[PDB]
Amino acid sequence: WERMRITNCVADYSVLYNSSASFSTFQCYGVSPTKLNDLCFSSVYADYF
Amino acid sequence: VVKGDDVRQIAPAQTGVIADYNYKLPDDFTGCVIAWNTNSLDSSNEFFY
Ligand SMILES: *[C@@H]1O[C@H](CO)[C@@H](O[C@@H]2O[C@H](CO)[C@@H](O)[C@H](O)[C@H]2NC(C)=O)[C@H](O)[C@H]1NC(C)=O
Ligand SMILES: CCCCC/C=C\C/C=C/CCCCCCCC(=O)O
Ligand SMILES: *[C@@H]1O[C@H](CO)[C@@H](O)[C@H](O)[C@H]1NC(C)=O
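Each protein sequence line maps, in turn, to chains A and B.
Residue numbering for the first sequence follows the working numbering, starting at 391 and increasing by one per position.
Residue numbering for the second sequence follows the working numbering, starting at -16 and increasing by one per position.
These are computed hints drawn from the structure, not numbers from a lab.
Hints should not be assumed to be uniformly reliable.
Listed next, with one range per pair, are the computed distances between beta-carbon atoms [said to hold, decoys possible]: (1) 32/B to 397/A: 30 to 36 Å; (2) 400/A to -13/B: 27 to 33 Å; (3) 27/B to 436/A: 36 to 42 Å.
From the three backbone atoms N, C-alpha and C, an ideal C-beta is built for every residue, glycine too.
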């Protein structure tokens, strides 16, 4: 698996509604999914496999 | 009638297309949610969101 760094971003997932991607699993730990639009993060990493 | 990958969005404190723009539930929700597959009945009709 590989990892990526996320910096200098405006994280709005609503653009994903404009695409054609559907997620069968989406679960967050430590945060409610409804509080991701009014919150700011410090260091974001993304692992994919 | 929901897409099938959006059955998980019919729950309190959720996010997505359905939870934001189509059908919401309160955080303090009391009740039950029931779902089942109807591929043999609803696959030849028009449904929107
Ligand atoms: C949503 O996605 C569509 C394409 O699915 C985008 O529309 C394109 O926008 C670009 C940039 O302006 C144009 O050059 C294209 O002609 C548009 N159409 C297509 C079919 O590619 C659209 O900009 C996206 N964003 C929003 C907010 O609607
Ligand atoms: C590339 C990631 C950059 C950093 C993003 C970090 C936080 C902001 C929100 C993240 C949630 C991921 C998108 C969830 C979309 C749900 C769509 C659906 O339920 O169908
Ligand atoms: C990836 O981009 C291509 C080209 O615009 C598009 O046809 C395709 O649907 C996109 N894939 C996803 C999963 O959004």
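Report task. Hint by hint, work out which the structure violates, then give me just those numbers in ascending order. Result -> Those not satisfied: there are none.
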